[PDB]
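S.K.: Chain by chain, the residues:
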Amino acid sequence: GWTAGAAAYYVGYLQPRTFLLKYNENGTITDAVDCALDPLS
Amino acid sequence: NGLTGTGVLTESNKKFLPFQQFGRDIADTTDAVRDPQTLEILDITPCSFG
Amino acid sequence: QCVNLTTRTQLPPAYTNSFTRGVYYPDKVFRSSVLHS
Amino acid sequence: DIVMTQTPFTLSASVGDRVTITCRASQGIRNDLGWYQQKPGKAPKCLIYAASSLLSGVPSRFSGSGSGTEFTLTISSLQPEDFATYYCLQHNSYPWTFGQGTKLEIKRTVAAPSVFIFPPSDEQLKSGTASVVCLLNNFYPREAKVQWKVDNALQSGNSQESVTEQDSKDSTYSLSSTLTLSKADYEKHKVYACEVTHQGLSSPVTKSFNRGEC
Amino acid sequence: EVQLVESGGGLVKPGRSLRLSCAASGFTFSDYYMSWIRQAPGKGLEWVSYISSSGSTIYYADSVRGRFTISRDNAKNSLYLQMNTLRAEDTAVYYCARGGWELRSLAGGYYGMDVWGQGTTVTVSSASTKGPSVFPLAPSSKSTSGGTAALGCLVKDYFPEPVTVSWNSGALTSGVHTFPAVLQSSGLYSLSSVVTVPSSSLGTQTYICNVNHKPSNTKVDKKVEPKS
Ligand SMILES: *[C@@H]1O[C@H](CO)[C@@H](O[C@@H]2O[C@H](CO)[C@@H](O)[C@H](O)[C@H]2NC(C)=O)[C@H](O)[C@H]1NC(C)=O
Ligand SMILES: *[C@@H]1O[C@H](CO)[C@@H](O[C@@H]2O[C@H](CO)[C@@H](O)[C@H](O)[C@H]2NC(C)=O)[C@H](O)[C@H]1NC(C)=O
Ligand SMILES: *[C@@H]1O[C@H](CO)[C@@H](O[C@@H]2O[C@H](CO)[C@@H](O)[C@H](O)[C@H]2NC(C)=O)[C@H](O)[C@H]1NC(C)=O
Ligand SMILES: *[C@@H]1O[C@H](CO)[C@@H](O[C@@H]2O[C@H](CO)[C@@H](O)[C@H](O)[C@H]2NC(C)=O)[C@H](O)[C@H]1NC(C)=O
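The listed protein sequences correspond, in order, to chains A, B, C, D and E.
The opening residue of the first sequence carries number 257 in PDB author numbering; numbering runs sequentially from there.
The opening residue of the second sequence carries number 544 in PDB author numbering; numbering runs sequentially from there.
The opening residue of the third sequence carries number 14 in PDB author numbering; numbering runs sequentially from there.
The opening residue of the fourth sequence carries number 1 in PDB author numbering; numbering runs sequentially from there.
The opening residue of the fifth sequence carries number 1 in PDB author numbering; numbering runs sequentially from there.
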């Protein structure tokens, strides 16, 4: 008798991407942008 | 730790994560370092100026 | 030692949006107030 | 507990043909079954460990098929290193219970035995006991019958037999039956006979002697 | 590699006790059930005892319960049987076996009884150690048929199971066939070894059976000749 609960998980896949990453006034990355993701970026 | 250079060493306020040893500026020069024996962070400032 | 307890009830594959997730440090370098690529 | 039954139980085959062994169970075991092989005089070794999976170093002619019950081991293209006794064991619940074995014999054109009867030696009759030996030499079907008769009375319960391993050259068997009497009881009868029945004999063969006739 | 050895067997008169020991090498001994498994002569395999780690769960057989006692020592990597008040149906070859794999940890190997010991022989007989009595079974016309005739040697009434009879100091290998020893009601063994030889050669050459009894020190050569 094995019961399973009601959690969840999520799976996504990686691609070769170029990222723009700003860190913070003390290390730790606050934000990054994905180019090739709209003509704006 | 094998990285050679010249300059002035001063006490720092930067605070490294445990997996970090060197710190780099925008010109990619090493400007901070963690001392491998006292585990304190130091700033490296060039010597010529003016 | 093995028991496969599965039920043959397939399942429509759902999807959801990872908006801005999954950003790691791709090095062991320290940096402050910058915009690295 | 959980009992196991192996169905073939003394299977006989030629060399280079298909062989099936079936093993059933008295509960629901999922895939926890192992097949073991014992050659005479050694320790048993595992061949299949989860009803379909060979071990490392087992040749690819053994095959396992399985279910809740009704497991099967198959040997295709038999080779002379594969003649042994095969057990099935269940790994599901403790205590782990064995099957019953299945000896696998080598085919051989029906061969009738040479029969020979030996009276007791004069040295033994001094000691006070009489062994009467009857020998059956070379023979495929081991399902031979040895009937002792003393003065034409079928003798029950004073004989012992043993049989040899299937011969590595001509794939035959040989059998020795010993009838044991006291000197006193030996000296009370005349004709000692040994009547052998066997598939290679159209009617049984009797070898006999007459106590006290040079 | 991985190995299991045993010791302690031999011969015991019934109503007395024995102790079998088994030593392992190459495992993590606390991650496996251990088992003792007997095999009677001329019969099949049959489990005797199972024990889990720390000795909490213990299975005996219905034929042996209340007389045998398992024990483990995970520090010394050792398995035991204390066999009390032995009987004549305990004459068997015993095996130490590992098949446990203990479903709470991350062990290695296969799931099954993959590794085995080598076997230890226990013989129960109020006997002692007696020497064989030998007779020659003469070649006779009742044994003769056409081109060949058979002659042999009957070696009977001995307890210490390993006994050997050769023909002509090991010369004749053709037709020489020693039959399995038989265990009488008296408790002593007996056997007879026979060889066929061309009927033209009844008495012509040498046919002397060399009887050697290794637990004792018996060595006797007996010649077999046609009946007087
Ligand atoms: C790095 O930045 C964080 C926030 O961006 C700083 O955390 C705050 O520090 C001020 C004063 O230093 C405190 O008054 C706040 O309460 C802090 N906020 C939190 C959420 O902790 C942090 O001090 C900075 N410096 C480091 C980590 O060395
Ligand atoms: C490296 O070795 C030095 C000594 O060779 C250690 O320095 C000691 O640090 C403690 C601080 O807990 C002081 O109380 C001692 O006086 C120091 N010794 C000397 C000789 O200065 C240092 O701790 C060592 N590195 C590590 C990580 O322990
Ligand atoms: C788990 O389910 C599978 C499939 O239902 C069983 O695995 C066998 O899988 C092979 C191919 O991988 C098939 O050809 C067999 O027919 C399957 N066996 C059966 C009996 O259908 C597997 O037996 C199941 N596991 C357990 C422990 O029952
Ligand atoms: C681990 O893998 C090696 C092969 O890399 C196996 O070694 C083979 O063992 C079989 C059985 O004796 C031999 O027929 C092969 O010749 C061996 N090959 C080599 C390269 O040694 C080994 O059996 C494997 N171990 C286990 C436990 O499966």
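Errors might be hidden in some of the hints.
[To be verified] For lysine-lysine, the following BS3-like pairs were computed, each having C-alpha atoms within a straight-line distance of at most 30 Å:
hint, chain 1, residue 1, chain 2, residue 2
1, D, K126, E, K227
2, D, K126, E, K76
3, D, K42, E, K223
4, E, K76, D, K149
5, E, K76, D, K183
6, E, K219, D, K107
7, E, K227, D, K42
8, E, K222, D, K45
9, E, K222, D, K190
10, D, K188, E, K142
11, E, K130, D, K126
12, E, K142, D, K207
13, D, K39, E, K142
[What the hints assert, rightly or not] Partial chain A-side listing against chain C, Cβ under 10 Å, derived:
hint, residue
14, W258
15, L270
16, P272
17, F275
18, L276
19, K278
20, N280
21, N282
22, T284
23, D287
24, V289
25, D290
26, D294
27, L296
[What the hints assert, rightly or not] Far from chain D by the CB rule (all over 10 Å, computed), these chain E residues:
hint, residue
28, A23
29, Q82
30, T91
31, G112
32, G119
33, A150
34, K156
35, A181
36, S200
Hint data in this document are derived by calculation from the structure and do not stem from the laboratory.
Cβ atoms here follow ideal geometry from the backbone N, Cα and C, with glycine treated the same way.
S.K.: None of the hints should be skipped; say for each whether it holds.
M.R.: Each hint, compared with the structure:
1. D:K126 to E:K227: holds (17 Å)
2. D:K126 to E:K76: Distance ~59 Å between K126 of chain D and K76 of chain E Cα, so the pair is violated.
3. D:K42 to E:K223: violated (35 Å)
4. E:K76 to D:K149: Violated, at about 61 Å.
5. E:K76 to D:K183: Violated, because 59 Å separates the two Cα atoms, which is more than 30 Å.
6. E:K219 to D:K107: violated (40 Å)
7. E:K227 to D:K42: Distance ~42 Å between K227 of chain E and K42 of chain D Cα, so the pair is violated.
8. E:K222 to D:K45: violated (42 Å)
9. E:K222 to D:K190: Holds, at about 29 Å.
10. D:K188 to E:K142: holds (22 Å)
11. E:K130 to D:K126: holds (20 Å)
12. E:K142 to D:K207: Roughly 7 Å between the alpha carbons, so the hint for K142 of chain E and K207 of chain D holds.
13. D:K39 to E:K142: Roughly 37 Å between the alpha carbons, so the hint for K39 of chain D and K142 of chain E is violated.
14. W258: Holds, because the Cβ-Cβ distance from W258 of chain A to chain C comes to roughly 6 Å (cut-off 10 Å).
15. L270: holds (8 Å)
16. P272: violated (12 Å)
17. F275: Given a least distance of 7 Å, the restraint on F275 of chain A holds.
18. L276: Because about 5 Å separates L276 of chain A from the closest Cβ in chain C, which is inside the 10 Å limit, the hint holds.
19. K278: Holds. Min distance 5 Å.
20. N280: Status holds, d = 7 Å.
21. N282: OK, holds: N282 of chain A within 10 Å of chain C, min 6 Å.
22. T284: With Cβ-Cβ at 9 Å, under 10 Å, it holds.
23. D287: holds (8 Å)
24. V289: Where the cut-off is 10 Å and the nearest Cβ of chain C is about 9 Å from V289 of chain A, the hint holds.
25. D290: holds (8 Å)
26. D294: Since chain C brings no Cβ nearer than about 13 Å to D294 of chain A, farther than 10 Å, the hint is violated.
27. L296: violated (15 Å)
28. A23: holds (16 Å)
29. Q82: Consistent with the label, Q82 of chain E stays out of reach of chain D, its closest Cβ about 19 Å off (over 10 Å).
30. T91: Given that every Cβ of chain D is farther than 10 Å from that of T91 of chain E, nearest at about 17 Å, it holds.
31. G112: Per Cβ check, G112 of chain E is inside 10 Å of chain D; nearest 4 Å; violated.
32. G119: violated (6 Å)
33. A150: violated (5 Å)
34. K156: Given that some Cβ of chain D is not farther than 10 Å from that of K156 of chain E, nearest at about 7 Å, it is violated.
35. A181: Contrary to the label, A181 of chain E does not stay out of reach of chain D, its closest Cβ about 8 Å off (not over 10 Å).
36. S200: holds (17 Å)
The structure shown violates the earlier hints numbered 2, 3, 4, 5, 6, 7, 8, 13, 16, 26, 27, 31, 32, 33, 34 and 35.
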